[PDB]
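So this first bit is one chain, no partners, the form deposited without this ligand, shown in structure tokens.
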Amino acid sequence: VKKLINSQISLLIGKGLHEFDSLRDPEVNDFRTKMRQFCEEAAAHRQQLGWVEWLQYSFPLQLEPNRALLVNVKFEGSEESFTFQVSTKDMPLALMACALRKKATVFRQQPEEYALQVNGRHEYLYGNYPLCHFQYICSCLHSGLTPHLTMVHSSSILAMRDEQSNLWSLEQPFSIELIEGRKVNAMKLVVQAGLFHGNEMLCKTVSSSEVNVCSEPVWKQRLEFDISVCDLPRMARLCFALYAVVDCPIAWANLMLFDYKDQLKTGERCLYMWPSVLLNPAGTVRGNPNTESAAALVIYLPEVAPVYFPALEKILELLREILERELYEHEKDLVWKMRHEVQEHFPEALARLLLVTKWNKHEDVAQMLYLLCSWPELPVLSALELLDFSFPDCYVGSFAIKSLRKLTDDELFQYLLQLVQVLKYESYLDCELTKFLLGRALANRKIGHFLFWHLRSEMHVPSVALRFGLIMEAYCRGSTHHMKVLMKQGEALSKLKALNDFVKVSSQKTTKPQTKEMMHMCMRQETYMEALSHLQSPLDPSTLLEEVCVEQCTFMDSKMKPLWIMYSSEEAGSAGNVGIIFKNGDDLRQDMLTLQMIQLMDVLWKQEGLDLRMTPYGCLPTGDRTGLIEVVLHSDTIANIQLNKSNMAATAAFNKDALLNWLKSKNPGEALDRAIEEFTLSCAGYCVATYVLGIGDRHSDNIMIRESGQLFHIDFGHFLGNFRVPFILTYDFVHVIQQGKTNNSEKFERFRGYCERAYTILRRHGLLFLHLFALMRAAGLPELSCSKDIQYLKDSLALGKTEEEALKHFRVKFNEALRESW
């Protein structure tokens, strides 16, 4: 049975457990044994939770960042349903009390015993909250529909929980010996090496002597480092680059100077290098797995007669504010000097003092740590800054986690994408961030869900394969049952991959109607109807995908031939009618990041009472150039709409009218006013979002409209300007905002205010976006590579300016944009 489990883990994580053992590695071993234990205790904890507390685990509430409404409730047993009328402001418990009164009357005869399930979803209503606070009740009120809920008893819930059971001395210079390598090339070759503490050099770099493109090379040279060994910080990182010259780069690799048990390393190392685009401080500190084909350096870390990094016991044993909002030589001096008054009166400047501290001088690192050890916890925002590569020290990292522990689950969800990426900065396997993520993942199944996918989706990347593999396994030991649920998912995605391949081939040889029929036949095979049915959506674990409707499934005619999969549910009704899109062929990371930065914008806007009626749909990378996009039903593309086809509703005299007639056809009588508002709100948000993020190549094929009038965007793969993108005002949107009239500054200038509010609210959180993008630098996203990309955001949010200045600046861009509208 322990056999079955292991084999299923291997299947799930896309890597065989045997591959960990074969490495005969203490580090991996300990990571595997310690994290297994950690995750197991979390699961025991889980089995004894109160039923409400379990709900909090399995189905965490989906809350929003007087008036009555109509609701259908029903109990599990019969399909007899009642329909109530209650205030939006009523607690879920108040509604439960109704239901039972209805049952007790019909039946001829305890509200706290229940929770309300949303029909056909993994979603639940409970809590001390007004119905309207619940994302679902909130939604229902917009798209018009009646809320639909089932009364679930606590013993029914407990039954579900039941089923889911399982040192200072050394003063001489530091220096390696460079023995030899065994590479391949084309002219002379040299090595460079530097001692790094994160971004900055701990001393000048030092080079090899020029040797011809010979070998299989050999140097047997000591390379002396212009620094004392007793100075090296805990996280001393040593980095090599090898390139050709008569400048031409070939490979790099790095190692930690201390092992994972604080012991300094000696003596000889073999080093499997990674190929080039010289010094790459930020690359992984673990060798290239393609050991056969990788160029390999041997070096010799000498043995100065075991030494450990002194324990913390020993560590403890051992004009002004004007600048403080890029600082000079004297300016740093004043800081490091006032260093106590910083702990005392400026804790939020912790980081600035860290980037002044003498990392290459042991003494100063001692006093700095002494201060940190009783530094007060900081706010999340500052913590997110602390997690950046500029702060390699593990006592700093440990503090960052400490201050982050207070993140809420929804916050943590909001930033999960960046925290996973920052794993890629870690020097060793057991690290505070991993145990944190895994702990929070094992305490919230939604978080557990997305960590897994974030991890799974990078398994095809050699540089993270082992780290991510080890984590997924640990998690699985933590949640046997969830692992099964995820297999069910990977199994669907494996079929789609094959069905998508068939479609790619087929479409090159025959007409689209014929391929569609042949996709249907393929889908109707048993193995497929079973694999693609009765799963949880990887886009949203709370969305149940029951029966695939073969007849509605299709594919889109664009390049990678994305698959369009419709689903339905008798049990969820119309909101059981959902679709997903399977895309294989493209990189989804870029879109995912863009879509998360928009959802965050929506969130910050909503926190200041501004709802721009956004459409934050799902986008989830699942694997190598693979993942899913959520279908937004009842949409079409501007370009579609603008085809101006006859024998249908929207028949226009002038092309500029087509969009409006369409909205008209979808929104008769009074409903037309709201469509236009919904269109103006979402327009202002998308115009602002595309502007701030440097997103260009917007055109009528990548903009969509919902029947509600809501505008939104698809297919982003270009941002932070990577072609200074002008702000954009499309005449035909303008035409809709202005309700069809040639002039309408009353409507047009409301629209402007929307943009300006949205613009200035985001400015107030500029720092949140910069910290988030800074962590995303760990991703290797071609368009998020360096400073100029970050600068792009600095320039778009005018963060250094006064809110007067920035707004007026923004006002020219905008005006400049209108004048571009014909």
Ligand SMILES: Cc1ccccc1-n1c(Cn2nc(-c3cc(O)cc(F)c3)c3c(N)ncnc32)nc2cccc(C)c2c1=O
Given for the second form:
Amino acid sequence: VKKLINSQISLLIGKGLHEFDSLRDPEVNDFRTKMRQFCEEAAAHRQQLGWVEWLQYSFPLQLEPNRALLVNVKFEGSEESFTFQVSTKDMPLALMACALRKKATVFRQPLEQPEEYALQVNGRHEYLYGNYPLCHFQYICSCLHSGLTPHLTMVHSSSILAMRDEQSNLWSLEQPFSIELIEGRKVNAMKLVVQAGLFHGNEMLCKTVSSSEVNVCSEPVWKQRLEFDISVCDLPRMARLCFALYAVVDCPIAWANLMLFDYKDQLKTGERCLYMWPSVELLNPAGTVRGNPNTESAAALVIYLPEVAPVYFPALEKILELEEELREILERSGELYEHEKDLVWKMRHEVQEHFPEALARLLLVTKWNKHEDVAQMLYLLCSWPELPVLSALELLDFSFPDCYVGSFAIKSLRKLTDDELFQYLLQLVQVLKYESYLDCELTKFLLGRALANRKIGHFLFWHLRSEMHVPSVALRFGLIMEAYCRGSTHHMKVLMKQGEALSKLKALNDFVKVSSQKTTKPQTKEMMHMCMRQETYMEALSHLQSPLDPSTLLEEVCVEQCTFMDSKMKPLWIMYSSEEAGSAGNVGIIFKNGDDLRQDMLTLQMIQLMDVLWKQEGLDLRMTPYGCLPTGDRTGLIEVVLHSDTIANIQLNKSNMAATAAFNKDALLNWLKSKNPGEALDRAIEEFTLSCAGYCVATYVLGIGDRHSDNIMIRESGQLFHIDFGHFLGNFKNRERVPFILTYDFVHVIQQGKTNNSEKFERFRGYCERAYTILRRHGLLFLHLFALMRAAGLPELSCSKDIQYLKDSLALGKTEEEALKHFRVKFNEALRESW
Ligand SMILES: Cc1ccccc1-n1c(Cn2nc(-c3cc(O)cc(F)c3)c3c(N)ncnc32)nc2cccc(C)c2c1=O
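Starting from the form deposited without this ligand above, please write out the structure of the form solved in complex with this ligand.
Next comes the full complex, and the chain you just saw is listed first.
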């Protein structure tokens, strides 16, 4: 069985486990056994969970960030159902009580405590339970706003337990730090030079030192000493030595980093061969500290670390052993002059005692190239009060490379709710890329959270799996996924089923791409359907959890409704239906291969976050933050928003249609009227107005560009939403400041088809202003999350200029009054542009 599980982990993660063995690497070996133990202990805990706790693990609640309500309720093993009038303020227990009383009357009564049950949403992996009014559950809210009757199933605790059960598994060294540069074996045109620097995060620990110049041969020889302007004793624990090999008459060729201490805190010595990474400001301190795995091809640098005595970084116990104030004035950009730094440092105890949230500022002023100073910082850090989540998120930035700081940040982040963790998971995964060692507090934190919440576990898996084609992270991410699989054998098989479906979709899309070059769309479509109706495809593509949202069940693939877009990357449109789910089982996924989906997903997650922040302040802008999930090399899934069309399509203004128009400016309003006749129209126009305000503000703040009428859609409900986000932060395809945008046809709908309607139009302006002012108040959250996202290496999120864009859009250097005046100037400028 162990062999079997080993082969399925290998297949699931995209890497053979024998490849870990072949490295014969103690660090890999230690990571694997330790994390295996950790994860297996998590599994043992899970299998003995109480039944309600099991539900919290496998089906965590979906909550929103008096009134009449009809609900249909049936019991697990029956077609017989009951429709009940309850209240939106009623709790699940009261509803379950009604169900059990009816069951007792219809089926003659003994009878049975509602406390023995939970309510499943029919045909979904989603459950309603807990002391929450029905209107606090997203599902109930969904139905209320869309009009539908909630359909729920009474599921007994013994049924839940069966699910659980079926799913079981030294200061002494004063001399200058020096190295010997020996030789290389590379390819260029000039002479060669090696630049080397010592870094602690972004900060240089002393000036960089450079090689002598040597002719551009294939196997250069230097045999030279590089001495650095720092004492061996002052090397901080997380010191990085960074190399750049380049040609000079400058032509960059390669780079390589390593830690000066190994994973066991031993100071490194003596000889190393550094397999370099090809060069895409020469030195790359944020780059990985592990060598390039393509040793057959990679340029290589051979160096010598001198045996300076075995020496280890001192233990914490040893480390610990070792007037009326402008303080407050400067202490709220955050960049300071040298004298200001001295004051903060001098006043470090006062920072700790009275301004614990200014830790980052203090950290940025400590001299990391002086061991006494670091000791003095660590001493205060070991007694530092826990910080808020927001503050901890900042402390994960590559600017804070020290391991004790890293560990402090994680400690402060443990109070993250699962909902918050889910909101920030993308960024936390990216931060793994900054880690210096395999076994680290971030990795253990994420694994523990993932093992305790199957939804976290699902998205953690896919975030790691989607990057296995990236050599720099393949090893780390492969190891994390293996350990995770050790912690849930059952979830591994659920994930394999998703991977099988994705393998078939890739093969299907490759066929579609070939066929559509040779024949008409109707013909390729019929060929697609014949391919899908093969038993191997019908089986692989049916009965899985959606990778986009594991609570959505993709049951029967609906072949006749599947198609493809006959342009660009030819993405597939795949429809599903589910008898048990009814209408809500009719769902679609888009499979696209050829584009990197990371930027689309990041934009959508930021829009989701805006929607949550707005809703927390009682503002619902009726947004459509649909799912988007990278799954592989320029491959992933996008959630289909049904009953929606593009503005472009509507504006075609085809004849013989319900929307056909005397003036093109009436096409959209006509379309809305056709979908929302009579009294329904007023609601739809309001839905349009709200969502238009949300998207106007979202795209302005994020600097979203390349917006045509084919990348804005509208739902039949009236909700406008943007799709397919290729460009943001003013980087348009170079760097411009994107203005606020008001489109005339949209203003026309908001004004209910009237030329002048200041009453409706100024309401819309008020929504935009409210939305903008709310985001400003959380400005730091967006700044911190985008800073962490720099780890992803998106070309439109690369540097400080990109993050400056958000500082300017949110006008965070301004007062709230000043920011609004400025926003109004932009809104007004945007208004006159409107024809
Ligand atoms: C549904 C529709 C109406 C008008 C014009 C285009 C489309 N449409 C669209 C428009 N579109 N694009 C997206 C979309 C969004 C993304 O962020 C990324 C992406 F690649 C696609 C989308 C979505 N999520 N939900 C609903 N419609 C969406 N996408 C398709 C993708 C694959 C295959 C097909 C046949 C389509 C497709 O027909």
